[PDB]
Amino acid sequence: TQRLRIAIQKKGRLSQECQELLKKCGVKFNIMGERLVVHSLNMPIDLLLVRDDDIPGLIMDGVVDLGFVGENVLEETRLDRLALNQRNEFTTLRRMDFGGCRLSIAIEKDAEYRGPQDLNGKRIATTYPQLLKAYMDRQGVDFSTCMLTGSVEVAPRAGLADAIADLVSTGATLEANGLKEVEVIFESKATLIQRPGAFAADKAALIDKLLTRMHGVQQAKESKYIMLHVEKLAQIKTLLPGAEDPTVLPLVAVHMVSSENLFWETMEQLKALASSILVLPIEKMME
């Protein structure tokens, strides 16, 4: 009567990473190419392959149960809706470790920027007018907008705007168009959100199972099994944060699980205190 409906961006780098995570969590399915409803083989789950821009909208209107989407698109649509008294409520279940990107202010290379107040009175081009307003209201700076749905980087050289606010990762497009990033106003990752309202306890249990699995996939990526050699224990313990007590062994030899990746800096700190520092990977876990 009702399977769990999950909205994923149809095509994009964000799509593969979302499909990959559902599969790493033991959700089996095949995309029957260009068909946009995908039925899970082994679980009572439907995938809807939609434009990312529509996903907050769908989640907010209860029309799907779960949704994978950029924090940037989500917050922009929430604000566009709050501006029209449209329902804008949802529950955030988990932040992904992917889809990273940032909304940044950019100006022409040949231009001085001491801070946000240097934009007071200038026109700014953006595809994220709401997130730009939120930032400039917070900095108390007045500006004009120039709304373009893309090719934002055109606007300054084209005499359309004094500056822009765009998504950025590399800065290739910026250099190409005579611009430099000068201010991060929003840092986004993908996020997994849930429609508002009540859930059948079966469907509740399913989402809980899925989430616990996602937690495990992340914890295995991050965590590491560390073995080292003597008798300077408590300081070493502090230098390697983790959940459980380290087991201390025979000839001292310490075995334990880090919660974070071991960095070179940390390894170097340990030699400065320790010897035979090993880090083994962890394929799978559940605390």
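We call the rigid core whatever largest set of C-alpha positions still superposes within 1.5 Å between the two forms. Numbering follows the first chain given and starts at 1. Compared with the form deposited in another entry:
Once you line up the core between these two forms, the Cα of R95 stays within less than 2 Å of where it was. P129 is not among the residues whose C-alpha shifts by 2 Å or more between these two forms once the rigid core is aligned; its shift stays under 2 Å. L240 shows a C-alpha shift of 2 Å or greater between these two forms [criterion: core-superposed Cα displacement of 2 Å].
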Contents of the next structure:
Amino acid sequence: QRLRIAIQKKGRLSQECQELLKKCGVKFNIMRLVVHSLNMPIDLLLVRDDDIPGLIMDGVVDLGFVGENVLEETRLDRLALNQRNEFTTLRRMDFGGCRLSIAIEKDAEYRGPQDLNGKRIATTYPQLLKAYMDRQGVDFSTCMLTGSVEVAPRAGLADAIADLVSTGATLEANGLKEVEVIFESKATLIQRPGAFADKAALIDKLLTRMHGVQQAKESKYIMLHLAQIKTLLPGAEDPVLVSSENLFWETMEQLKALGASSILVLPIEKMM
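Could you please show the structure of the form deposited in another entry, as a counterpart to the form deposited in one PDB entry just displayed?
Lone chain follows.
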């Protein structure tokens, strides 16, 4: 009867999605796989990230937070398997920044594909790699590795990898360079095409609160002891009939340069 919501069991997303949900006014004791809300008629489900698109696609669950990377991978696999693939995206969150990018041995040499026309590429996202390669008309053999994909070249397991990266720290750590960005992933909140009776009312309520909480998180109340400074976005007494960000020493210093005195930044719990 209730609204079912799929979330990662483990990882930063689980916490990000738990915390945001808390902020949205959903009361729930920290999860150990099916959780019931005492605040509202909602049930969280904690599962592996990979399982989430398919469950929404199957309509097992109404609602699911996943990375676009995970979402397109299983979407393509199902298409290949001629399996039910349909779903409804609602909102893209500002958490879940990562790229699937082709990386090669540092001191290795190339300038685009058809340098990769024979090589073995190691990936946890073989379908996404296949998509890009096929469209590029380059031919390739995939080495399926679900963990330690960067160690594949060293091992001599494969010639190259497509690895999920946020920043080069991992790659530089594995003695590789990033050569192409073949997918840009952000975490998105999707809906089950054919899992759904005025629970849509609940869904609109959720979506609206998400933004408000986003605003309060981003925004800060400023107080400070001409108009260029007024046009700096600071709002002690703003125009009747608070900054979106303004979170940097530089603009604080920039304000100080403009002659700004008593620069006080306070946290906004919540706002509209």
